[PDB]
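The other protein chains are all here in position, but one chain of the complex has been omitted.
We call the chains A, B and C, going by the order they appear; numbering starts again at 1 in every chain.
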Amino acid sequence: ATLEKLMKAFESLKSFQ
Amino acid sequence: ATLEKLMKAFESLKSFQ
Amino acid sequence: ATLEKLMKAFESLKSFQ
Partner (left out) sequence: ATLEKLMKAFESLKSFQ
């Protein structure tokens, strides 16, 4: 699902930050 | 700013999707 | 699911903006 992908991306970004 | 970076990342992700 | 709720909230915010 596109929503799932978006969520994953956001999480990754947060972790990086 | 961290907020700005986050926003940019989100936008990029959206575009990709 | 919490993820779904978050997504919905984000969408609503975007629409409002």
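Heads up, the rule we're going with is that a contact is a pair of C-beta atoms (placed from the backbone, for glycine too) under 8 Å apart; a residue touches a chain by one contact, two chains touch by 3 or more.
Across the complete structure, the visible chains that the omitted chain touches are B, C. Although one chain is hidden here, its contacts on subunit C can still be listed: residues 2, 5-6, 9-10, 13-14, 17.
Although one chain is not displayed, its contacts with subunit B can still be listed: residues 3-4, 6-7.
Just so it is clear, only the chains that are shown with their structure count from here on.
Rounded to whole angstrom, the centroid-to-centroid distance between subunit B and subunit C, based on C-alpha atoms, equals 16 Å.
For this pair, subunit A with subunit B, the centres built from the Cα atoms lie 11 Å apart.
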